[PDB]
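Listed below, chain by chain, are the residues.
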Amino acid sequence: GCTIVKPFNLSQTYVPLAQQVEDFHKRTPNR
Amino acid sequence: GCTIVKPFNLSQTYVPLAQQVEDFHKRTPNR
Amino acid sequence: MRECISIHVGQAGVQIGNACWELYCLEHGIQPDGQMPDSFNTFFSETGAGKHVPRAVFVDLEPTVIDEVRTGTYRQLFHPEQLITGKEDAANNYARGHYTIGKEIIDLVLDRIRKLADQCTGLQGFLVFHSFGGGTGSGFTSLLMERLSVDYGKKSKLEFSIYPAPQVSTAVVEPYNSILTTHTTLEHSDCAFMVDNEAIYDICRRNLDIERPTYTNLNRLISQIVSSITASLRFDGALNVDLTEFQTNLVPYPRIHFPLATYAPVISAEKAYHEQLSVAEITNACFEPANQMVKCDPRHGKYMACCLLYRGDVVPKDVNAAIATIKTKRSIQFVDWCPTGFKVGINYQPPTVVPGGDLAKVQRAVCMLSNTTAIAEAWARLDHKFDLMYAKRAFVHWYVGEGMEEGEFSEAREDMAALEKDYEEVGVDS
Amino acid sequence: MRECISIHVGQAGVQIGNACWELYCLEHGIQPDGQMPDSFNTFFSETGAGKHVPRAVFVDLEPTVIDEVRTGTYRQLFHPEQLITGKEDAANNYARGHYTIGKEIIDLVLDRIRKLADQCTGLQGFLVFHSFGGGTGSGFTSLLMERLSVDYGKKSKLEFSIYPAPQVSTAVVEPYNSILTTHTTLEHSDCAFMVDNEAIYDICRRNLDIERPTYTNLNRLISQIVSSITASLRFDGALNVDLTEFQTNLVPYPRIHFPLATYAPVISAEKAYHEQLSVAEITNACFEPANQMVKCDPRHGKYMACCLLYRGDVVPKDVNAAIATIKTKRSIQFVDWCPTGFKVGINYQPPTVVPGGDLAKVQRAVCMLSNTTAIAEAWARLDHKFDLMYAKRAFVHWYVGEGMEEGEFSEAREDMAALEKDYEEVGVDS
Amino acid sequence: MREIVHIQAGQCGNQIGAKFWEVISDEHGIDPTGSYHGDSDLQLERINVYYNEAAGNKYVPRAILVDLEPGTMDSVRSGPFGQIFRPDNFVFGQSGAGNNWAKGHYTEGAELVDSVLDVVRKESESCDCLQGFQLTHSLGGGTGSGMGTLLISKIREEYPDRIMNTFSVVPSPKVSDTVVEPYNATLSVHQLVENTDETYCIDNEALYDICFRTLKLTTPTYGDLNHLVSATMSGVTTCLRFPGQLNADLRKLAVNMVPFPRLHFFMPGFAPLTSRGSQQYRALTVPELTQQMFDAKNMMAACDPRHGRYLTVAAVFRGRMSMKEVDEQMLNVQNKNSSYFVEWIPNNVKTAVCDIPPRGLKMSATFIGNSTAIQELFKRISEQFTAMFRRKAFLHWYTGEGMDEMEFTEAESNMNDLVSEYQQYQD
Amino acid sequence: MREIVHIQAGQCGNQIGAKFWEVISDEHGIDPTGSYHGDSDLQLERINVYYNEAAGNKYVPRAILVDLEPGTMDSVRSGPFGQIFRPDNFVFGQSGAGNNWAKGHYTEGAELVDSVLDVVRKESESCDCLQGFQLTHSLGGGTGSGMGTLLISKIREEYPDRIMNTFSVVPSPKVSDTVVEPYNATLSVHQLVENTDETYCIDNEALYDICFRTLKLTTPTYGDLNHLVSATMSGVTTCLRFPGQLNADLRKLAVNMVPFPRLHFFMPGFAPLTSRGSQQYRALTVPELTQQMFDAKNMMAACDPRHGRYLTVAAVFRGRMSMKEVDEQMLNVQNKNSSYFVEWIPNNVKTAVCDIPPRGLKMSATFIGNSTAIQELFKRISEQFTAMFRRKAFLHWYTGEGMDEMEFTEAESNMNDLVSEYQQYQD
Ligand SMILES: Nc1nc2c(ncn2[C@@H]2O[C@H](COP(=O)(O)CP(=O)(O)OP(=O)(O)O)[C@@H](O)[C@H]2O)c(=O)[nH]1
Ligand SMILES: Nc1nc2c(ncn2[C@@H]2O[C@H](COP(=O)(O)CP(=O)(O)OP(=O)(O)O)[C@@H](O)[C@H]2O)c(=O)[nH]1
Ligand SMILES: Nc1nc2c(ncn2[C@@H]2O[C@H](COP(=O)(O)OP(=O)(O)OP(=O)(O)O)[C@@H](O)[C@H]2O)c(=O)[nH]1
Ligand SMILES: Nc1nc2c(ncn2[C@@H]2O[C@H](COP(=O)(O)OP(=O)(O)OP(=O)(O)O)[C@@H](O)[C@H]2O)c(=O)[nH]1
Ligand SMILES: [Mg+2]
Ligand SMILES: [Mg+2]
Ligand SMILES: [Mg+2]
Ligand SMILES: [Mg+2]
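Chains as they are written, first to last, in the entry's author numbering: chain T, 300 to 311, 323 to 341; chain P, 300 to 311, 323 to 341; chain A, 1 to 37, 47 to 439; chain C, 1 to 37, 47 to 439; chain B, 1 to 44, 47 to 360, 369 to 437; chain D, 1 to 44, 47 to 360, 369 to 437.
Heads up, some of the hints might be wrong.
[Unchecked claim] Here are the simulated PhoX-like pairs of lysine-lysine, each with C-alpha atoms no more than 20 Å apart in a straight line:
(1) 372/B to 338/A
(2) 372/B to 60/D
(3) 402/D to 311/C
(4) 311/C to 336/A
No lab work stands behind these hints, which were simulated from the structure alone.
Just chain T, same shape as in the assembly:
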């Protein structure tokens, strides 16, 4: 009918400056 999962037991921000600059221009405003 449906799948049943039994999982085995295992052992358990910056942005670039150039990119930022680019975003300043090519980011579309909400408008």
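We have chain T; now place chains P, A, C, B and D with the ligands onto it with these hints.
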């Protein structure tokens, strides 16, 4: 009427890779 | 965009890196002075007019290896500030690398990295080259990786490591360093390609007909693997694999990120003429134990995922055929929880060959990256080696002297035990 | 497709093989460097552009004979990896061949064979060349044959063997080796063509007018027979015989797979001009004891089946006539359980002749492969020879030293006794 | 007057899309610059179905090109016909989706999609009477599958009364190029079930078989495969683009072929198909075309029609043909092959005829079959999904994009239900 | 309108088949390209009996070429007329059968045969009213014999109401080229007895005799032999292909020649036959043709008709001839040779006349005799089989292909029964 047999008493898988490849193409499916 | 930043740590890292940069230059037509008489931008920044600079940082705690680079053929390729050198090495001591000596240089290197990264507009991530056995390659790299993980966070980090051999070991304390670095490698690395010098030597002797292969021979081969990995970013073909893509395909569970790399065909100029090196053939050769970059037996392990990265005169159909053939080979077993374990990349550019290199020029090549349980055997032998020495506390005092605590060793060993156990578990069928 | 793989084992096997490969090259117009300025594919793989490589593996436990090939005229014809050589020979000791020395090289040769076979898409089977008397030719071949039988199973194996002479024997221990190899030959070989050096020598002196025939003379002749067998695959004519076909026709019972080969006409340039070598004549000459490749008397035996393989300017009608004539000759008797004992092949290509060879160029030739009870006489003499030496246990200690057991000898002798008895039985009329 | 809006999502979608556009421009006499250089007035009569008319005797595809990677866009623009497309209709990300349906559907794709929506709204406004949408993509990757599905949902929300058509290339296990395909397909199939009105199941495996076996093509490329798909696509909308004797558009086809809402997954076929050598030994006639079309070897989905029953078939004929002949041949096929047709839908075959044949041929045929055998395709996929999902293999990546296990469970259930439904009507 | 479907199996079958096709194309004015370049409207009137009409004024043989070896196919394709055949009608294996009936009937042939069946079904569909099948082969090998027989069985199962004709070249002991011939012949003969409606017994020995003795041909080739066979084949179906004064097709011939179901093994003959030197010293007349035809030396089976009795003879005449003359000559032969004709079938001779003579001749004749002397042929074969089977010689090979001894016993019994039956009616 019919033959009768009396037999004298005597002392008593791999496939090539290229071939396989070929089969993969030129084998016709069941369809 | 799509830049990758390369970090070369310690002697081994530096020397591999040299080879890599030689290869990249040849591939993009960049001369040793940075001039080029586009895709090269993935590896190079471009400045002003007729100048290209590698997106790379070279670090060692001693000056000797880097000093060669400064004096040598590619002195104009790198700007001086990207070649970072201390005064005293880590002396095969993880503690010195991570703490005593490393704490003096780490900030500086991080700053430079940040500067480099600011120049790149589509950072894919980092390629980190280092040995597991050396004090710098272990201790410093571990430290560096932590810091990078903190600062950058979700950026992909890929580390290429010269893992120590079973027999052919050059230093005594190697198992200690290896164990200690592994602990940190687990949490801060997204994918780790282990490589074994002994295996490379065997390959050079058997496949390339070289009586006496030296480190220069190994490094060249190693660079080729890296090129195959990054060719999908530096060129374009019929089927493409990005780094994130690769990670998605090749890594089934977070900790199980240790694929084995293998390259095909590795042949001599004269030996190659006679051979009819077809797609099927090279693919088949990938899954053979003799061509492996780590000493271990795949026949005794199970495959979880393989990425096949083809380059040159290759079409999808024949790759598919090869994959089908591989499927029908009983001696190559895949785990039952992976009904298809093949990610496939195909790139149009044939492998370019370094003038004076050991490898012959071929129309097609392949780099297979496969996650097999068999690699756990290496860890087992290393662990065993560690356990003997630790039984007597041999050399331990040195580490303690440089600020390391005994409890750390035990912790590290435990971590590796747990990892081996995890690897065992994934193996078993239901 | 329709490939045949040739395996050349030990000195004798190597030397016959050299001749064979010289002949094949000449037949297909392949130069000694692999270049050819189609059917040749049955014997050659083709690589890239202007290169053809023999579908062959050359094996010896000592380097000397193969080393000649490496240095010599056809060094470029074979790729180095197809020429396999150990360090120490089997020293006329079956045990050393099969066990002590052979176990070191067998795996490697098998691997290479597998690689070779993977390249072929319509494998017909194997041609195995070796002596019965040498330690490598016996012990190694026996081992190899077993392994091949295991791996490949239902593939046809054809072995061409230099069986030891009654008088002209070069080594002392020959009968031991011969007996031991025969045991294994029985179970793992589908068809075996025995050949006797003494007979060849007689032929060379009597038919070719050669005062002093050497091994090079024998080998050339031997190669011709092989060519006749495989011409049906390498060319096409009016009537064709495949290997399976041949087996079906020539082999009445599983163990009775020992046909005698004979070739006609074998003549000198000057002697041939005068003779009017018709189809009928050559056919008649086939069934004469003086032109046999094994020393023995067919007049004292009975024919069970003969394959006649004609080549060159030949038409069916005259072959039929010849067969009819043969039927009416009282001195050539066929068993009563075979009302027609003739399989006939006719191929359009005349035999090509090696420059500087002993044989004259003819418009037509024939190779007869006939299963006659008369060959049992050879076995009888060999058995007798064996029995004397074994009576004193002469040389036995050597074999034991290399891991052989005395019981094996007895077993082998018994097997041969049983075989001789079987051969006797088939002979008798009802 | 009945404009169709075309959308291409992800690499496969883009590439097939490009092929489609190339063929269609040729058909309508449009060159690589957008200028009409055809012969017949029929080529321009209904040009507005696929093209917007720009200033100075030029035509521009009503096409939107979408991808999370710009490489694909570059490849398209650099192609033969690349310059015909509106520059503002290329909507691309920079990152890619890494074969992750979640990235395409919830994350990167989510960020991207509003631009696409804006474009398509404008494209809708431009058209006087938009009959609906055609989306080309694959179900096995991340962009085409996740982003594509998302886009479909958005579109349907805004245009609930318009016809929603997809040409979906499904992952097969023979030609299995990726690891997570089962997941991506499963997730996307579910979404398709609720939001598309007709879905053409295109299979790479079947295409390869066609190329190798029927076309005798030693080395097929993706381009060659794509060509087949393009032909099929062209076939469906021939009735919208040209005159004819009996005409059926996208709606008429759907109404005749879909008896229950969910059962809208077609196995397409195209006829004729011949090798270059075997072209001279054939008959250019309707019985031959018919023969070709109903054959299992000419279906573009890897399913044996003899393993199920046909609910409906729609056949679209192009060229000058006798209606009587067509009617006889279609009745013959249903009478002779009675056992492969469901018995509770009399006259299982719908016919449409367009007088204008494709270039190079005097007659051609396009076949759309709704067969219960399509369940085979879904079943395999389901099995593969199960194999992975049972061990939660690769799930962590998807969960990192905000997905929960429960969604997987739902999708799987849904697909199973669909399969069951098909079986029910098969009987 | 009365299409015949031609099948060629194994080397001999193929080669004779090729010859047959060559002659027939010449007869019907078809060149090596498939184009009609004849003079008379009669040449095209019934062209559909043997040829399918392709696009652009071309004709293609309704011929299927079958072999377990591709070499034969290659040889055919490379021959003069090789290019006329449909490429899709070549159905070939790669291995060969190695003169083993079991490989042809149960193993390799089994694997092969479904393709062949598919082809022939299509070929049947193409024809408006297929009257039946003609198979050319030999009984002594593996393919033609084992595979051929298998194919026949399959065909008859699907077309039980169609006429099933074979041109079977039998192994003779004089011209004995193989060892296991007796086995292969025995096994195949049995199968033929139950599943063919008429079988033309062609013997290589007889052909050689004809060539040497009658045609004065110093060096006959298989080609020359084949020519004779081809002529005979052409003769039988002349009434289907042309007009005439009295017409008999394949069915009419069978009904008149076969009084009991099993007795359908013909000894064929063809007249006239002359040397090049001896051609000028002869009379082109019906009495001469008649004289030639009934002679033992002109029969294509190595049997003396004077060692048995004729059950029936069918004579097929081609050319402009007097019916009266034909009737007188046929009555004369039966009155004069009373003792060689069974007395309980009055007027043992059936006559058919076609107005169109073959090329090069003004008149020709084809003779089909059902003689009880054919038992001689079977008896020899039986004897040879016994000689081998008594010692179980070469049986192991056959058993390796799945065959049992019991089958051999059965076949032998069956053949013996057939022989007995012929003897019975001989009296
Ligand atoms: N028939 C065709 N199949 C294709 C083509 N290109 C790719 N594919 C197939 O589709 C699958 C790969 O899909 P894609 O490259 O489209 C995945 P997409 O780019 O849409 O999203 P990403 O996950 O962001 O890459 C796989 O089965 C390929 O073998 C094509 O041009 N034709
Ligand atoms: N009258 C003719 N007889 C032939 C011809 N070719 C072969 N033969 C005869 O037929 C017998 C050999 O038969 P085949 O080559 O046809 C056996 P086939 O290829 O059908 O099966 P295999 O056993 O797989 O070879 C033998 O008596 C030949 O002498 C031919 O062109 N004409
Ligand atoms: N493949 C390869 N391995 C190398 C090379 N140089 C050193 N190694 C290996 O690296 C390990 C030694 O570590 P190094 O990198 O020399 O040491 P380090 O990182 O400089 O650390 P310290 O000198 O202790 O500060 C050993 O396993 C060496 O075999 C090289 O050029 N190529
Ligand atoms: N016809 C022929 N016979 C040969 C040739 N060389 C050796 N012999 C015969 O082969 C037998 C000796 O066996 P070899 O092949 O020399 O020995 P081997 O196989 O190398 O075995 P070991 O040297 O004992 O390892 C003798 O009967 C020789 O007469 C040759 O070139 N032609
Ligand atoms: Mg150092
Ligand atoms: Mg030796
Ligand atoms: Mg993509
Ligand atoms: Mg044959």
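Hints not upheld, ascending by number: 1, 4
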